[PDB]
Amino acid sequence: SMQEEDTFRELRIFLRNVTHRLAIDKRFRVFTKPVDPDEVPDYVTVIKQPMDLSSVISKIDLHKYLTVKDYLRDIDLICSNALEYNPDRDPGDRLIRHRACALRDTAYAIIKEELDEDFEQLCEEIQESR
């Protein structure tokens, strides 16, 4: 229905806003674009499902997220990829993992404060009906 389409549009608007707020945070710069294979040639062989905040915006605009849960799976993937690709005690690895964790915790904290649970439940019930 039109009302359901309005619901998913409202979802996309919310997701774009959250994603922008993550993308402008200096700590999360490393997560804002896909890894450049020229810079990091073994990346795509170790990490099977790359994800970044630019790709997240593209996916919002492609209507790939019909729930906040779906979105958070991609935020989680950004974080888990960083953890897997940079697992060493070295400070470069530790910094990125700390930032990856902060990206994830920040997204979740925003959503906890700003997403109405009934709005999410509505999205989920529309998605389930399709």
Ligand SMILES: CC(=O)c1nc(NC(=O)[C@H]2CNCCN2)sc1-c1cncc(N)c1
Given for the second form:
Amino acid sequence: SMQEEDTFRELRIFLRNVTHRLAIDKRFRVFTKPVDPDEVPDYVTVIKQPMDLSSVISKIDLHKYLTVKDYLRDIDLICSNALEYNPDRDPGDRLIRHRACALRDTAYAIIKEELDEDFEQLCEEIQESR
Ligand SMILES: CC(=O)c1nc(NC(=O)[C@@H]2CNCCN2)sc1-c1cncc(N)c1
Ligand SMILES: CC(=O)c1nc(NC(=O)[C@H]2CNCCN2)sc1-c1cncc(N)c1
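Alongside the form solved without the ligand that was just displayed, please also present the structure of the form solved in complex with the ligand.
After this comes the whole thing, all chains and molecules, with the earlier chain placed first.
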């Protein structure tokens, strides 16, 4: 229905705004673009489902997120990929792990503070009806 399409449009506007706020944060620049196979050749040895904030923006605009849970699954994938590719005590690893956890925590905190729980519940019930 028209009311349901309005609901998903509001979700997309909200998700673009959150994603922009993550992408301009200096701490998260490592997560703003895909990893380059020439710059990093061993990345695909470890990571089978790459994700980054530019890909998240593309998916919003392709209407791939119908709930905030769908969106947070990809935020969590950015974080879990970073943790798996950076598991060692090396300071470079540890810095990326710290930023990855901060990205996830920041996204969850924005949503907890700013997304109405009844709005998210409506998104879920529309999705469940399709
Ligand atoms: C600082 C750091 O590198 C770090 N590493 C983590 N490692 C891990 O989560 C995993 C889990 N079991 C240990 C090895 N593998 S959590 C974490 C972290 C700590 N406090 C604040 C923030 N933002 C991040
Ligand atoms: C996305 C990610 O997780 C990532 N991790 C890295 N880790 C390291 O370089 C660790 C690996 N262990 C040895 C010490 N260096 S570089 C990197 C990255 C690569 N190309 C483009 C972007 N934007 C980020």
